[PDB]
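Read the single chain below, which is given as structure tokens and is the form deposited without its partner chain.
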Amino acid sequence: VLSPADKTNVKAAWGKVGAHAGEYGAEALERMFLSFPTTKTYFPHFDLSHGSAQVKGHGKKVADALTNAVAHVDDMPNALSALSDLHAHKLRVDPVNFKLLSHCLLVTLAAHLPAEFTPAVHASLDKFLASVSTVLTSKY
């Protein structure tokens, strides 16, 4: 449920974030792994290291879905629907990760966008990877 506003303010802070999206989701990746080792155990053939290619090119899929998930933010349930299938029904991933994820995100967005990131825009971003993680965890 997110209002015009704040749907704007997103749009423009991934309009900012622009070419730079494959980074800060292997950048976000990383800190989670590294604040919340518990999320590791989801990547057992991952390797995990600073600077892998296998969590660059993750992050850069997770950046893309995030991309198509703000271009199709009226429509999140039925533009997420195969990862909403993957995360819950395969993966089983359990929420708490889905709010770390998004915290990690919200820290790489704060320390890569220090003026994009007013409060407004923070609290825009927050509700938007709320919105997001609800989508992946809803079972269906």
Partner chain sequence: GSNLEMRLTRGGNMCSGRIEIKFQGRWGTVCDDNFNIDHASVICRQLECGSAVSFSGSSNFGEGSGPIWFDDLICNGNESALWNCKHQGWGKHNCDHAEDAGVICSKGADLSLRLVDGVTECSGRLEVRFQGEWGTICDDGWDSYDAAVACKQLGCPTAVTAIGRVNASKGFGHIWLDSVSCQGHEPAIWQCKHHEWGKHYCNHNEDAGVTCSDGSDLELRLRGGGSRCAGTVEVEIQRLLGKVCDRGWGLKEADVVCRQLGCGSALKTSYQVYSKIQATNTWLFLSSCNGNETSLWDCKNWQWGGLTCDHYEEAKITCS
Second form
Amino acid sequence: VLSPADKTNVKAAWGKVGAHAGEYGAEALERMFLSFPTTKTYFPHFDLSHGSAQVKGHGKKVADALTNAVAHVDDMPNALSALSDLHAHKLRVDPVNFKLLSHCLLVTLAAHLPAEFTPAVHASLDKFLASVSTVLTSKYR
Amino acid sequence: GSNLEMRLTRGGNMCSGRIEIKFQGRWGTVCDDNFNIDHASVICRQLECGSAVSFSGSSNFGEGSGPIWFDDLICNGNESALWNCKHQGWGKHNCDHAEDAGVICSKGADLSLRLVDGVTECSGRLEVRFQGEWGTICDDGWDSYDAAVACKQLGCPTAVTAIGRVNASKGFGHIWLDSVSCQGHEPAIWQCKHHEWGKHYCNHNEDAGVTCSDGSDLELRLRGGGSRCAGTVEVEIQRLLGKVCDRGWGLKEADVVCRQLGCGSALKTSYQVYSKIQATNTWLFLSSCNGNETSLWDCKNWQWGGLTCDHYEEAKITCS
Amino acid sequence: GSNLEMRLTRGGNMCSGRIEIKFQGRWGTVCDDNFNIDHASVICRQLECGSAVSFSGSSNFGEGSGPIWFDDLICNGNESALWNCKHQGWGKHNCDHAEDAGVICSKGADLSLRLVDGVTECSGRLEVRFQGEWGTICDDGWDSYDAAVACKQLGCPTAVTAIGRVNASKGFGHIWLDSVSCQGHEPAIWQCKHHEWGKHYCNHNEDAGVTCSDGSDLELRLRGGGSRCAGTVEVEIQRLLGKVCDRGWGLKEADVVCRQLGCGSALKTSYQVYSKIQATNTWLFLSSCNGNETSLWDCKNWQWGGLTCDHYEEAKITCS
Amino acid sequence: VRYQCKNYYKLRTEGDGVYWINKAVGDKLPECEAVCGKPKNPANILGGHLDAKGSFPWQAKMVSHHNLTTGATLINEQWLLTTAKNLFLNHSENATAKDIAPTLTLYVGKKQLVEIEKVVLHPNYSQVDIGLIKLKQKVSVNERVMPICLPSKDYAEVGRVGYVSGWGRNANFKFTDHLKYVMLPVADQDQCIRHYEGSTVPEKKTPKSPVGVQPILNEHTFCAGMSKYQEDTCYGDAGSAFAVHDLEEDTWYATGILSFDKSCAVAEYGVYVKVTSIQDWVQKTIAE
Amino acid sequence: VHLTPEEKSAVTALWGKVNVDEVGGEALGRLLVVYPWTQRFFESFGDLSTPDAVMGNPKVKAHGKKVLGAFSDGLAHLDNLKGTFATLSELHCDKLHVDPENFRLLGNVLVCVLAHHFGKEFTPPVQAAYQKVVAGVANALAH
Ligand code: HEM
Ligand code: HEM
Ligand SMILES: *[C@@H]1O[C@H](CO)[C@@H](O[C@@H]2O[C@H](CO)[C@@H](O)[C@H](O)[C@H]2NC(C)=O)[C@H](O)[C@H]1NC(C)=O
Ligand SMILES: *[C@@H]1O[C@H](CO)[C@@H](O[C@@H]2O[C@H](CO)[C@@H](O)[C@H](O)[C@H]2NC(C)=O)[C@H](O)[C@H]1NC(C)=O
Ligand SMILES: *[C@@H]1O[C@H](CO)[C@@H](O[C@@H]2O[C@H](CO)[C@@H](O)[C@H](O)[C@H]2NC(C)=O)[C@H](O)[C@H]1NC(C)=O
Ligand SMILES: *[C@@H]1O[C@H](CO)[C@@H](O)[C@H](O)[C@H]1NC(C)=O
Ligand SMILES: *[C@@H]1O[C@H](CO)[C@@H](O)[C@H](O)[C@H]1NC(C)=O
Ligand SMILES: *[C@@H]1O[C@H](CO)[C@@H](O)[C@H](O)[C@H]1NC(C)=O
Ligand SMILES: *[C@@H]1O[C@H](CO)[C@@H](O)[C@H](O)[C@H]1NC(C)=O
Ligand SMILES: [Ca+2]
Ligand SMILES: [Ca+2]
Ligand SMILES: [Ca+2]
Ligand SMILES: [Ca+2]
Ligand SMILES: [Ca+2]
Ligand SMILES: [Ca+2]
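What would you give as the form deposited with its partner chain bound, now that the form deposited without its partner chain is on the page?
Okay, now the whole complex, with that chain kicking things off.
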């Protein structure tokens, strides 16, 4: 659960992510595809090579979704309702892939924001990504 | 009445907190249903706590215990006590204890505003005092109307009222106000619609500020480009020299600057460098300019400082 | 009473068998619930039978018959009798007679170690005798210290002790001993730290062996490269041909081999073939070693046989 | 002679077992039934508490056709309690219990696969998220397989800590390889409805769940919060019993059956349907 | 599965610059902070409530040093991980009753710590290699 301190840390961390969110998300997608190739089975229509324009655009979309979730941290299920329906029903993405993507997002943020990735901020961002994943994986059946 | 005693619970001081009334010797709360500033005025005047700074209704002061006594209180403001509004019964309510109404009263809140760490007495970080301790304002939702209200409230020029703490660092301590929604006409910054006091997820990097100026000490120029109107935009605001952050800096804002300096349209968002310029750590951040503005100061919500232009360059330009 | 005679029934001799305590004029057994080496050691020191080789609770020693006196005991190891731990109550239990606990003690044990299916009597698959039944040892946690302890125990020149069965096939029977952790000073392989006897997570492909040598019969040459200092690494250990597997075979081990043969450092783990060479079933495996060693035998924990280099390739070298 | 049977079982008869004509009942020849929730080695899912000792013999691992592991709870030697939402995985909303049953796979003990004879859903399974699984033959009760007992009391009083074992997903959203359990305290009911719905009054309730989906909250459910270590139950833990250890008689009771497993760690409370509410129905259903 | 020579070289190159006296303590403290149920196993380590208490704990630092030493030993023996981690897996399964998913969580937290320490030098390729390493360590240390 996201405590007010956790929401504060997440808001600050994503604020300093800032305009680099699109390429942070692209890097996280690249990390997920390399480290965990089983996640590539959900993108059979993407060029999954390094520096792929399609992967870059989808990372931009993912990070925009995460930014909207941070902006609506108190109403994330309503912010991600369309994405929850999408991932859970149309794409049928298994939740383990969501935890893998959350880990790769955390690795990207650690590699790109080392000064601001404190253990408290690491825990807060992990909790926020867990909340996003749970919202997106809930309607999964 | 004559035997009804009410109190304010869990609000810092005795003039703030949940509205709790004693009836049949039981302490019970009041709904937020149909609760507005008139009920808060009745309550604050009833307790001799002054005027009503604010009201709240979602059990923000904690969830109360006991029987909810009132649900739909119709108070027009001039009631001697809360148990004089019409309501709809003594204990009749379609409520929970997440709907307890609380109030914040004038003599308890003891509010005042000030500007700290700015280049002038009328610029810098905006700090509001709530219940005896000073705190800052989150810049979430802080815009030109908020700044205008704050500048008229501190009583010094309201001709141009920018946002953003000009060079002030982060504040310390509490952050009191978040998402202040002023229309520009409110007497003070706490009559405006805003989130509850201290209820936010802001850090002190986000501290709100204003730049109160009588449209006379804002100077803009282009330096480093070998002509008066082709170069890097150098803004001087109350003697503080800075630059424009080129985030959201297209040819619309560029044309606005060129018109302000009087050199036609903007041909290029870059310039042939003739000379170097001084390093200035304070920045000007334009949200979005329509394009037809007579001067850059008339654009909507231009921060003068308070943000970092780290992964963006300074706004350069070449007019005609 | 302090007159509780305890015996071990149906275990071959007096120090091995199923625990059985006489109290209240009747002989009763002990549950295996929370039964570990501590209870075994307590029972073994009760009969002055030495240390505890192992414990058993699957009624392998035979079905019990009588009132189960003990069910759950909390023994830390140092007790003056089994009726001193937190036996959670006398006579009360939740077992049956098939759940009774037995113990094998050092005095009554017939523990022995032997080498089978090796090139010499000093090498082969290591086998350990437990209650008279010969089983094998899993090579998990089997290192040069365990191999040295085994070589010292069996008795034949222990100057060079290598792990891994030499050309030996999968053993059969039980896997009595797993994850042995000797420090090199234990008199025998069973005084070391290891898993509970018979309990393991391995198969007979992982069967541990040992190679005991004085170092005179370990030869290592390069074949197929024309030059004496180029080719595959061919290994002669006890007149047995063999080649080094290249798993965990970097340039450091390559230059160790080059220095052993006396051709400086290593250039590449590949050679331009000059002549065909045959293939040999047994492989030398190099976990890791520092690279400054004057000989390949002297660097730590090299396995000779006991694994197949099928997933990996032969180890090659071209020295200078 | 006297009829007595082995461990984990109690003689089901009227007068002793001395007999072949019995002087008490004649030629009844009693059969002995298993034992309510008395695990050989009792205990003392995002979080930990690895079930190393097999402390929850009643827990069953139910896998659907499309390989989503869920939970079930042995209530007697032949029947199991689960949730209706568990049985309806990979099935139409109009699917019957006749064709749900051949789809399911059930594991008790270590991996002991048990065939399912029939599945019966609660009549009001939209409000009472319960389904009953019947095995083809009675499972053999041992130190790893043993029914939990259905409570004679309501152990759902706020503050009670029951042990929720589970086969569901973990902190990596991976179905757990080993059975786990958490020690969850039952929460204030009003806090739980207010956390999920709006204000515990029907005209002001709103879909306020911190997770996308809404639990089934009514008079037949209670809620247990996360433990002291912020660990809860996640997907696949539904159908697992909120086992309560009654220290008076040292017996384990299925106080609730986990209905809402979508509260992995975001929603503060997992919603358990009260077994005391469904106890009459499950008894009437075992009867036939 | 066998690790390619390039992946092994990347892993070794990045591990050679790892501060063993600090990285293990950082990883264990971050594990305790983010997954607080792992503090259950370290109640003997003293105050572990605040993140600053966990990261400032001398016992957490020493035990993380031991854990990172075990990681280094498994790195020197990547091709034989079940043999090198047999004793530790037995300890964690029987003496400690640590859930195997905690090993995977600590591996992920270690990868996060390595990224936090090495910035862009922790490329997605070397992260994939280290994910293979930590998965092998966790699988060798489990069941
Ligand atoms: C924090 C976690 C995640 C977020 C915020 C997220 C967000 C998004 C967004 C914004 C889109 C764009 C779709 C649209 O705009 O209509 C999308 C699409 C998609 N997502 Fe995710 N997602 C997440 C996790 C995952 C994971 C882990 C996977 C697979 C391993 C996945 C698989 C997909 C697929 C296959 C699409 C379809 C894209 C296409 O077809 O163009 N998502 N997601
Ligand atoms: C994932 C890789 C891990 C490695 C390589 C590792 C390594 C080690 C080592 C070397 C020891 C010392 C053994 C001894 O003292 O005899 C140890 C002990 C221990 N480990 Fe781990 N560990 C890992 C994961 C974990 C996790 C995730 C937890 C808990 C959530 C944990 C809990 C413990 C505890 C409680 C001890 C004993 C504490 C003590 O001796 O003071 N370990 N581990
Ligand atoms: C922002 O700029 C203002 C104005 O220059 C600074 O205030 C000055 O502080 C210096 C001390 O070095 C005094 O000598 C001046 O008299 C002050 N001027 C006024 C008008 O107050 C202020 O310190 C700066 N704030 C920062 C950089 O945090
Ligand atoms: C390992 O090698 C030894 C030595 O070559 C083999 O032992 C010989 O086996 C043959 C039969 O194949 C006998 O005729 C010899 O007398 C044996 N010699 C010795 C010294 O034992 C042994 O069989 C091999 N192990 C295998 C192939 O598993
Ligand atoms: C049960 O699971 C199977 C396999 O996951 C589902 O079959 C898939 O359905 C989707 C959606 O129509 C198709 O795109 C796939 O091609 C199907 N895969 C197959 C048939 O192997 C099935 O729909 C599920 N049953 C439900 C949801 O009622
Ligand atoms: C600029 O154009 C906008 C329409 O986009 C209009 O609303 C505004 O009044 C114009 N301003 C001036 C100064 O003409
Ligand atoms: C090789 O270096 C190690 C240091 O790790 C040292 O202990 C050993 O003695 C050295 N060996 C030789 C032969 O120099
Ligand atoms: C479920 O898993 C089994 C094997 O575990 C496999 O044979 C089957 O195809 C899987 N079904 C689906 C829908 O994934
Ligand atoms: C289902 O609901 C009805 C009325 O809501 C009730 O009378 C009936 O008992 C319920 N079913 C069971 C099995 O209790
Ligand atoms: Ca209301
Ligand atoms: Ca009302
Ligand atoms: Ca802001
Ligand atoms: Ca037992
Ligand atoms: Ca027992
Ligand atoms: Ca092995």
